[PDB]
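**Student:** Now for the letters of each chain:
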Amino acid sequence: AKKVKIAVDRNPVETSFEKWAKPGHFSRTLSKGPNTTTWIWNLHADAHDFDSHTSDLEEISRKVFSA
Amino acid sequence: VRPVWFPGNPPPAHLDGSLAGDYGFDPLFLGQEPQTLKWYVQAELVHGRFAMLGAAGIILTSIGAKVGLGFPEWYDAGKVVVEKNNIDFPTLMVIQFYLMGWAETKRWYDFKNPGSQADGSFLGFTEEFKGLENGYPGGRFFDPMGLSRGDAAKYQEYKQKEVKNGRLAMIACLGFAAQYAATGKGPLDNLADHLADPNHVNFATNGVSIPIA
Amino acid sequence: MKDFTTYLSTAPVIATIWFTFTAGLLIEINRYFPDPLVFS
Amino acid sequence: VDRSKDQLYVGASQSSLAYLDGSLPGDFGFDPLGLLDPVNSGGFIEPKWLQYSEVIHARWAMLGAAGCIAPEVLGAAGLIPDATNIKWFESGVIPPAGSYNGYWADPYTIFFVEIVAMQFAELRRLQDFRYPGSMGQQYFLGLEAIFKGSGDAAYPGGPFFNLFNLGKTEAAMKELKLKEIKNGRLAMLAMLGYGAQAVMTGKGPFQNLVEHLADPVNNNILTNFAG
Amino acid sequence: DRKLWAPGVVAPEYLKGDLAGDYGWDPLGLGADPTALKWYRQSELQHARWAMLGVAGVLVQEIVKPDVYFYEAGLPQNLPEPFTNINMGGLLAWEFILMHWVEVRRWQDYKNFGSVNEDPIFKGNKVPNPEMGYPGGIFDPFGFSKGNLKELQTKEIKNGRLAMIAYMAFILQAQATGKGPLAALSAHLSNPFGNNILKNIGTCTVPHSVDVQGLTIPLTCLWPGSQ
Amino acid sequence: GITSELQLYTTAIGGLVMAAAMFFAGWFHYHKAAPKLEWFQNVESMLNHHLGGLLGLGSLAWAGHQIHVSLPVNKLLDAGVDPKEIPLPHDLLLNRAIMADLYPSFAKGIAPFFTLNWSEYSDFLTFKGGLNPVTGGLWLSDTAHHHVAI
Ligand code: CLA
Ligand code: CLA
Ligand code: CLA
Ligand code: CLA
Ligand code: CLA
Ligand SMILES: CC(/C=C/C=C(C)/C=C/[C@@]12O[C@]1(C)C[C@@H](O)CC2(C)C)=C\C=C\C=C(C)\C=C\C=C(C)\C=C\[C@@]12O[C@]1(C)C[C@@H](O)CC2(C)C
Ligand SMILES: CC1=C[C@H](O)CC(C)(C)[C@H]1/C=C/C(C)=C/C=C/C(C)=C/C=C/C=C(C)/C=C/C=C(C)/C=C/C1=C(C)C[C@H](O)CC1(C)C
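Chains as they are written, first to last, in the entry's author numbering: chain A, 10 to 76; chain B, 29 to 241; chain C, 1 to 40; chain D, 38 to 264; chain E, 31 to 257; chain F, 152 to 301.
Rather than coming from a laboratory, the hints here were simulated on the basis of the structure.
None of the hints are false.
For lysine-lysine, the following BS3-like pairs were computed, each having C-alpha atoms within a straight-line distance of at most 27 Å:
(1) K2/C <-> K28/A
(2) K12/A <-> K85/D
(3) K85/D <-> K187/F
(4) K185/E <-> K68/E
Calculated Cβ distances over 10 Å to all of chain F for the following chain D residues:
(5) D58
(6) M99
(7) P169
(8) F177
(9) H249
(10) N255
By construction, the Cβ of each residue, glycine as well, lies at the ideal position given by its N, Cα and C atoms.
Taking the hints into account, I'd like the entire structure generated from these sequences.
**Tutor:** In C-alpha cells:
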C-alpha cells in the first residue's frame, strides 16, 4: 500500500520575466505570433485551458493548484 | 571578495565593483542594463551632491537658531526670506528654472553626447566643458584645484568618500523630513531632547512612529 | 529588466497606461474648469 | 511517546526505520508522520532544516524554561527583592496580562534594540546555513575569525561557540549532542507546560508546583477545570 | 608547553608564546590579524600601566587623606589648598597640550618604529627603544631592563592585568556603595553577611549630574542601578 | 461584535497580509516546491483534512468566537447599551467575572464540559428557534450551539 506522504520537486520552473514578453508561449499553435486578429482572441480563450497545452497530468495539476 | 551589503550573498553580475560605492546592492535589478546604469550613476551623484548641500545648510542654520542668532527653522525659511526681503515668489521661481534649465540641459546633452559641450559654442569655452567621466565633469571650472588632475590613487579615494558621504546625506535629509512630521520641531531641538533623556525621548515614545505603543 | 520592460510594452499594458493618462488629463481639466459647454 | 531511554519509542514504525538509521542525535525512531523521509523532500520539510530547527528550538526553550521560573524561585529564597519577584507572563511580554514598570526604558524602546541585535545575530546565522563558511570571509571587526563554522549549521563550534573545546573525541561529542537534545526536548515540553498552566490557573509555574505538593489530590489539572 | 588559560584548550595558531603573559587566550579571535595584534598589544600596555597608577593613586590617597572620597576628588572644591577652586578650563589646557605631545610622539613610534627615538631640540640624546612599547634609556634610569627582560615583561603584564580588574572593582564598588576600596573592605569585615554585593548591587549612589563651576557634567553608573 | 472603525481597519490590514501570503504560496508551490502527481491523488487524505480540518475546526473556531465575543457584545447591544460603553472583546476573554455576570454558567469554567454536565451551558447554548424580537434575526445563542454541533 502506497504511503500517504508529502512529495514535491525542487525548483521545477525558473522565475523569470522572459515569457511575459513572449505572448502565447504556453501553446505550440500560438507561440509563433499573430498573422491575423483571430490570434489575439485565441490567446485569451486558451490561456487557462491547461490540459490543451500539455498531456502531462502532473504539469496540469501544478498549474491548477497555483491558480 | 569585496565587502557587500549582505555578507554571504554573491554580488550581482552587472555590479562588477568598478563604480564608487559598489557594494553589490541592487536587489530589484534596476540597473541591470548598462545604459540604464550609467544614467542611474549620474542620478545618484546629483541626488547625493544636492543632499550634501541641503544637509549642511539645514545643520548650519539650525545651529544658528539653537544658539539664538535669529535664524529660522529650515521648514520656515522660505516664508521668512520672501516676506522679510520683499521678494516675489514666482519671479524667484522662474529665475531658478532659467539658470538650472541652462546648466541641467548642458549636462543632459553631455550625457547623450559626451564632449559635445566642448566645441566652443558657449562663449568660446572649450576645455572646461569637455567632461572627464560619467558624472565627474572635472576641468578648471568644476575642479579649479585640480584634485582630479593629480594623484590617480588619491582621486579614486575621493570618489569613494564623495558617494558615501552623499548617501549618508540623502538618508539624513529623509530623517529631517520624517522627524519634522513626527515631532514638529527642528533637527537640533530633536537632538537636544534626545540627549537630555535618551531612554525616554526617541522615536519609540514620540506617539507617531509606533502607533500600537 | 529588458524582458520586464518588454512586457510593459505589450498592447494591453500600453492601453492601460495611455488611457489612464488620457482619462486623468480629462478628469483634471474638468476639475479646474468645471461645467464647460462652449469655448470663450 | 516513550519517555526515558529506549531503543525505539512507542510511535516508531517500520516505515520510519527506513531513513532513521540512528546517526542523528536523539534518533529514537519516532517519526509517525514521516516528516524526515528524504525522498521527494523540499522546501523547509527536509532533514537538514528540520534537524537544525529542532536544535534551535531546544536551545531557546532551555533558556526559556530556566528563565521563566528563575525569578520566582530566587524571589522565594529572598535572594532578590520582592519587587522583581514576578511571574514570567507579567514581565511586560504580554501587557494585558500585566507589565513591570521599572526597567531603564519602556518595552518598545527595549524592543527596538532587540530587533537590531537579533537581526544581526539571526541573519548572520542564516547565511552560514545557506552559504557554509561565508561568515568567516567578509570583515566584521576581526570577529569573522570565530564565525567559520564547521560545515554543520547546528554545531558551529569554533574558538567561541565551543569556548572550552568540550567533546574533543567523536564518541564524547556524540554523547554531548544526545544530552543537549534530550534536555532540549524536556525544556520544550516544560515551556508548553508553563503556557498551558498559566492559562488554566493564572499563577506562576513555581506556585503550581508548591500547591500540587501541598495537596496533590485536590490540586491538579482535573480540579483546575472548575473554580 | 606553557600553561594555557584553561585545561584541554588549544592555543590559537598565532599565539606561540613570543609575547609576555601569553596563555593562548583569544576567544573572539581579535588577534588573528597580525597588524591588529601589534596595535592591541600597545593598548594593553597603556591600559595596564595607567591602571597600575590608578590603583596606587586611589590606595595611597585614601591612606594619606581618608576624608577625601576618590570618586569625587575631581571636583575643584575638593582640590588641595594650593589648587582649590582652580579654573578647570585652565587646568585642562595644560593636560591637553602636554598629553597631545607625548601621545603623538608615542603614536609616531608605532607608525614608524625607531623614527622618533631622538630628542628634537638637543640632538644626540636618544632612547634605545629595543621593542615597541619599551622605550628604555631615559625611561629606565635604574637599568633594570639590563637583565631578564622577558621575565620582567611577564611580571609587568601580569600585575597590569590584575590592576585593570582591580580598578574597575573600585569603580563599581564606589558606585554601588559610595565608599573607597579600603572603606568598602572595612565595611565587609565588620558585617560580612549583612554587607556584601547581594544587597548593594541594586543601588547607584552617583547623582545624575554635577555642576562644575557653572558647567553641568552628565554622570552615569555602569548599570541601571536604583538611584 | 465589531463596534469601531479600528476593528474594521485591522481586519483590512490582515486581509492584505493574507493576500500576500496566498500569492507567495502560489509562486512557491509552482516555482520552488511543486507537489508531484501522487500527492494530488491522495483523495482519502484530502477528504479527511477538508472535513475534519477545514470544516470541522473552522466551525469549532467560529463557535469559539461566537461564545466569547459575538454573544456578550450582541447581548449588551440588544439591551440598549451604548456601543462605546461595551467592554472590549479581550476584556471579556481575560475577565471571567464579566462573562459570569452575563452568563452565570461561565462561573463554573470548562468543568461542566469535561464532566458531561452539558446542561449547565443552557444559558448560551440554546434551542430557541424563531427570531430575536429585538433585532429580527436568529438568536446568536442558537447559532453558537449550531456551530458547536456542526
Ligand atoms: C491550500 C493550502 C495549502 C496546502 C494544502 C499546502 C501544502 C503544502 N505546503 Mg504550502 N503553503 C500554503 C498553503 C498550502 N500549502 C500557504 C498559504 C503558504 C504561505 C504561508 C504556504 C507556504 C509553504 C511553505 C513555505 C512550505 C509549504 C509546504 C507545503 C507542503 C507540506 C505542508 C506541511 O508540512 O504542513 C503541515 C504543517 C506544518 C508543518 C505546521 C504549519 C504551522 C502553521 C504556520 C500554523 C498553523 C496554521 C493553522 C492552519 C491555523 C492556525 C490558527 C490559529 C490556531 C493560530 C505541502 C505540499 C512545505 C513544502 O514544500 O514541503 C515539501 C514548505 O516548505 N507551504
Ligand atoms: C532568552 C532568555 C531570557 C529572556 C529573554 C529573559 C528576559 C527577562 N528576564 Mg530573565 N532569565 C533567563 C533568561 C531570559 N530572561 C535565565 C536563563 C535566567 C536564569 C539565570 C533568568 C533570570 C532572571 C532574573 C533573576 C530576572 C530576569 C528578568 C528578566 C527581565 C529583565 C531583563 C533585564 O533586565 O536584562 C538586563 C540586561 C542584561 C542582564 C544584559 C546586560 C547588557 C549590557 C549592555 C552588557 C554589558 C557588557 C559589559 C562588557 C559588562 C560586563 C560585566 C561583567 C563581566 C561583570 C526580562 C523579562 C528580571 C525580571 O523579571 O525583572 C522583573 C529578573 O529579575 N531573568
Ligand atoms: C538574570 C539575572 C538578573 C536580571 C536580568 C535582573 C534584573 C533586574 N534586577 Mg536583579 N538580581 C539578580 C539577577 C538578575 N536581576 C541576582 C542574582 C541578584 C542577587 C545578587 C539580584 C539582585 C537585585 C537587586 C538587589 C535589585 C535587582 C534589580 C534588578 C533590576 C535592574 C537594576 C538593578 O539594580 O539591577 C541590579 C542587579 C544586578 C546587576 C544583578 C546582575 C546579575 C547578572 C546579570 C547575572 C549573573 C550574576 C552572577 C551569577 C553573580 C551573582 C552574584 C554572586 C555574588 C553570586 C532588574 C529588574 C533592582 C530592582 O529594580 O529592584 C526592585 C534591585 O534593586 N536585582
Ligand atoms: C514575480 C514573480 C513571478 C514570475 C516572474 C513568474 C514567471 C512565470 N510564471 Mg509564475 N507565478 C507567480 C509569480 C511569478 N511567475 C505567482 C505569484 C503565482 C501564483 C498565482 C504563479 C503561478 C504560475 C503558474 C501556475 C504558471 C506560472 C507560469 C509562469 C511563466 C509564464 C508567466 C506569464 O506568462 O505571465 C503572464 C501572465 C499574466 C500577467 C497574468 C497575471 C494573472 C494574475 C493572477 C493577476 C490577475 C489579476 C486581474 C485583476 C484579474 C482580473 C482582470 C480584470 C480586472 C480585467 C513564467 C516562467 C506559467 C508557466 O508556463 O510556467 C512554466 C504557469 O503555468 N506561474
Ligand atoms: C476553538 C474554540 C475555543 C477557544 C480557542 C476557546 C478559548 C477559551 N475559552 Mg472557550 N469554549 C469553546 C471554544 C473555545 N474556547 C466552546 C465550543 C465552548 C462550549 C463548550 C466553550 C466554553 C467555554 C467556557 C465555559 C469557558 C471557556 C473559556 C475559555 C478560555 C480559557 C480556556 C481554558 O481554560 O484553557 C485551558 C488551557 C488551555 C486552552 C491551554 C493553553 C495552551 C497555551 C496557549 C500554550 C502556549 C505554549 C507556548 C510555548 C507559550 C510561549 C510563550 C511565549 C511568550 C514565549 C479561552 C479564552 C473559559 C473562560 O475563562 O472564558 C472567558 C471558560 O470559563 N470556554
Ligand atoms: C586604564 C584603567 C584605569 C585607569 C585609572 C586611572 C588613570 C585613574 C585615575 C584616578 O583614580 C585616580 C588615581 C585618583 C582619582 O581621585 C581620580 C582618577 C582620575 C579617577 C583601567 C582599565 C581597565 C581595563 C579592563 C578591565 C579591560 C578588560 C578587558 C578584558 C577582560 C578583555 C578580554 C578579551 O579581550 C580579550 C583579552 C581577548 C578576546 O578574545 C576576548 C575578550 C573577553 C573580549
Ligand atoms: C517529533 C514529531 C514527530 C512526528 O513525525 C510529527 C510530530 C508528532 C508533529 C512531531 C512532534 C513535534 C512536537 C511534539 C513538537 C513540540 C514542540 C514544542 C513544544 C516546542 C516548544 C518551544 C518553546 C520555545 C522555543 C520557548 C521559548 C521561550 C522563551 C525564549 C522565553 C523567554 C522569556 C523568558 C525567559 C521570561 C520572560 O519573562 C518572558 C519570555 C520573553 C517569554
